[PDB]
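What follows is a single chain, given as structure tokens, in the form deposited in one PDB entry.
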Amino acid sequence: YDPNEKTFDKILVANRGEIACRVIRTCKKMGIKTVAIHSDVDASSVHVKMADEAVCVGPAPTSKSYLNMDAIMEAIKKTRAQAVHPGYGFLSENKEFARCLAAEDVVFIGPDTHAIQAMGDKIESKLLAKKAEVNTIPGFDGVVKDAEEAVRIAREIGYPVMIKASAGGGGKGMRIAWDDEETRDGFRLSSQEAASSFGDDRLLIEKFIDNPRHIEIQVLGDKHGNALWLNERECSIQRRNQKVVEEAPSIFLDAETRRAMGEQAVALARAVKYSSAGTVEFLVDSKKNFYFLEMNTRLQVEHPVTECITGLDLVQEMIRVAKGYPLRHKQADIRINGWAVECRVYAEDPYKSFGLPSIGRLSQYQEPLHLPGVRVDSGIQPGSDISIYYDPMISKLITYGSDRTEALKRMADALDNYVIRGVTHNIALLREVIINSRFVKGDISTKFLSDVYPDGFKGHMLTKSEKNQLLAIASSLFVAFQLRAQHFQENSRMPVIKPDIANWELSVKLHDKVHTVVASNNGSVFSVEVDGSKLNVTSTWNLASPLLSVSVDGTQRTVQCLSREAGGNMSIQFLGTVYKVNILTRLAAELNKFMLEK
């Protein structure tokens, strides 16, 4: 962050969301003036406010606002910006965009057009990687055009086969055939949806690796030929072939294999003559054998974790490389510092197909910025609207530590202290993934979610001790609300005689079971007897704050009260999962047995 280094003076961020905010923050730290484009609906977004100048580029849809290349060109001409940063997605990997930028004197911060077009298609990428002495997934090089050809390829490469759409991306046009009839009918169908959406109609037939691990290597290269492989990242936890939990240092990889993969990635980058930051993705099998799989010629979404473990600013490095300065770090200078874990908080319902996109307006939004070792990359704010036009991603939460256990503990704390009200999110799924025994041990594959939850996500299967803790907390909260209800100001005309009650006898209905609870209050401490078990709950009992911190038998728990009704229904978010309980008084519980069910 040296102000003496003379980089550009005006950079246009041709993107939206959290990536635009991150680029704007880096540019502001470096001292470069920032210009941000936006649509009509994003006129009040965070990134437009954080930028120095803003230019509307069209209506809500992306095809006419952020993919509207022409309007971006007039925005550049009007603002007279010197550099452009696409972030990831949209026009980040558009060769014709690169040609348009190269037509004028404004520079494109990223890889050259030749590198982008080389890795734009999967078959040519595989051919070049094979020519670049890099291990590749076994398969047939070429394009399959008929079902018989595909099934014959399945003959020589084995019954387990994968059919993939060329280029494309985004985890679509990619399925698995186990049999020859499966091979042919899947090939015909894949051609059908390739014509429907992609339009390329170019397909690849290859081998399916069983129980694979998605390991990425972050490469950084300048225009003078230097190239560093930095470190690796693990992104095994996926649904719909899309990552949701990323882990910076690989627990499955040792030093030797990591160094070999980094050297292979650097060799491939030098063969391509990459002159920016990119990622090379491999699929490591059980026997520690890695095969090349795609190379993203752009900034990676899950890049902040390698920044945390390496102490680097990738955006700054790409800006410096685009300016033309050489790399200021050597391969030996790269080192691993701690551990890092990232979770993608989405606006999806995890109970339906491991996340179904949802819409709404955020009524409450608070990030756990005060928690130790927590970094939040979000482009939203209270009052933000989750629309159908853009990616329904709420935030990226990164936690770093001295080791894996500390990082996971801080991740759990941050997930517990993160307030979203207005939409449905997948925080419960993230917490269940990070507290899973297999995840803690490290035995994770790309189908972790599929086999850990064969019937789909159901929530947290709370144990007996946790059930007692939850019941005690709910009963204490109910009694605290009842006690607060009796605090009036002095009237001096009709004094209030506070009802002196020692023990509250309650019936708490949770799931389909009913428990008898005896609660006693001694000021700030509640003694709760649930089915004989005795517990103590102490807290400040602030009933207005969205987060409530309590201490049950010494164990500290952070809970949220999402809803509360006079009829006794309360929704409580505890351990990341929302439980609906119904608390009645003992007399009310007895009299409720005469009520007819509707």
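Positions refer to the first chain, counted from 1. Superpose the two forms; the largest set of C-alphas matching within 1.5 Å is the rigid core. Compared with the form deposited in another entry:
- Hinge annotation between these two forms, restricted to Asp210, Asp105, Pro495, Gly311, points to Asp210 (rigid-part boundary).
- This chain moves as two rigid pieces, and the smaller piece turns through 12° between these two forms.
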Given for the second form:
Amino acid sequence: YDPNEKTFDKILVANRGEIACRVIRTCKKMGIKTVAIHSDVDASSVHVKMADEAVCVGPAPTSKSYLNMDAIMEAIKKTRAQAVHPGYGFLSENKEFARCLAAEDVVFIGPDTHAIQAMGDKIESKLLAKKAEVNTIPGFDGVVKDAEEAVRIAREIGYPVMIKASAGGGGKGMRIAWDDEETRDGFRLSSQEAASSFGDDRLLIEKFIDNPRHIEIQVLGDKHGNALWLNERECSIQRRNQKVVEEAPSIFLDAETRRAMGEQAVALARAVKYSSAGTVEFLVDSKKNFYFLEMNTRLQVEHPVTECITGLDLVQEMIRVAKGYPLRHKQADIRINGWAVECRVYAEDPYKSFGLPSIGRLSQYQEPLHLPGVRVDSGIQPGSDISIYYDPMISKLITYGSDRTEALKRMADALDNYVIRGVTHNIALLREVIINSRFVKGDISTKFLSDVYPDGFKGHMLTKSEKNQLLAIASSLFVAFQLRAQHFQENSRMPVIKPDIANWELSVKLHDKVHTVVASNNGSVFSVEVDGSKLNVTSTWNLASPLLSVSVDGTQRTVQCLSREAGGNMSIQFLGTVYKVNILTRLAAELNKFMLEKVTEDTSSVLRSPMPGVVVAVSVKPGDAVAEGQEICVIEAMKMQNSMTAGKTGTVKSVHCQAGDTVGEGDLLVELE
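Right, the form deposited in one PDB entry is done, so what does the form deposited in another entry look like?
Shown next is a single chain and nothing more.
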């Protein structure tokens, strides 16, 4: 970092979240006063305090606040900001914003308008790519309009051909065909949804590429022409067409293909005349047939892992490029330094549809910054609020080591020492992803989540040894709580006669089985017998700290007692997964055997609202005999469109919702039968 290098003194970040904080910290590192914009809701965000000055925009929704042209222009002209930075999304590809700013005397940090317009269109992108002499996805070179042309193409290229129309900003019209029969009825269907959604009906049918891995190449460009490629980035793990886990030095990729990818990306950037930082996306399959997917003109979300492996700062380099100074690095200077893995901690429940976002307020938040080799990019703090107007994200966790195994181990350690109370995160799913056997080996594809968990996310399957360790830890915590409860102060009027029990016989109900445990205490060491198996658990037994470290049989395990009840219920986080355990004494369990269970009328026939947002599409009416998997309502929330199905067969008793109605979580929408 060179503060002497002159750069725009006043910079406005036209974004929000962790990226705004990252930009603010980078400008502060290079010594630049930074102003930040925020809506009414985000007035208490981290980035507004991290910025030296603030300019409130207006209303809560991002459409009228972070997409408002007039408001942002007012902010620019009132704060006299010398530079603007969009981060990613929002106004990343806003070409009218680019031209209106160019009408003024404020510099935009990012791609030029011409490149954005050229690369935005999928047809134009494919055309320019095939003029650029870069291998592209095999398929029909044109637009199919009738079933006859579709079946002819499927015959003369390949039966597994995607039926994909144009537009598709949210992935709409992205259906796939696999045989001649599909290429006619599915062709009609896809034309129907294309007409319903956008209607341009410009198809881009192309051959399916099996078992691919989405690879990202960081192309750094400038106004001086020369472009540099920065290693690679594997982003194969994807749920619902969204990146979740990214490792930069891709294991499958080898040096010859590294050079090939770098040369292809640089040549394509020169053809596009890119003058900023972007990522080239490749779909190399098991046959090493690389196919250019698309090149994002904005800064990639998962850039910090590339920064970690390369020992470089992309934000500073791109802001220097925007200043006017040429690129100051060479391909020889670029290398690999160990390994690094990054995950996106989102505010979503991974059990429902591989991530169903929730809403809430962070009552407790702690990052494992003290753990070695851990970097946290987060735009929230204790007391922050998750809202329906923005992306359901909590943080980004990046761990770097001298080897892939070391990075994975440090990432597991960081995930086990990360405290989030107030919302439902998805740390569990990330944990099984980074400890999965296939992921550790390297065999990963874009359909990783689809086939590894066919039915969906179930949780961490406990081994017998791990189950014994969990039961021992729970029993030890229970006995520790009782022992602390026995400790009073001296009364001198009615002295306390402390009970002298030596063994605790407990019944622990994990999942469905019931286990008999015998726990004995000796100083700070608990001897626990679970079904005969003997274990020794030793720890400091601090009952107020959120994180508790135990030493079960030498094996060090960090656990979190999320909740505890006087009735014996205990919700405890083991290895990233929350387990419910009911601990009773033996006498209490014997007497509880006589308690009558309360019958719950869980006969379905109802449908709640897991998505807190606005129901924008209702496809049912009172009296509709729906079936299994039939979509009921679509709710826009978290700036994400999610469609939910009934999952069973039953006539609709009544509908308590309408298309475009604000509905929170837990609201009964459609009654069923």
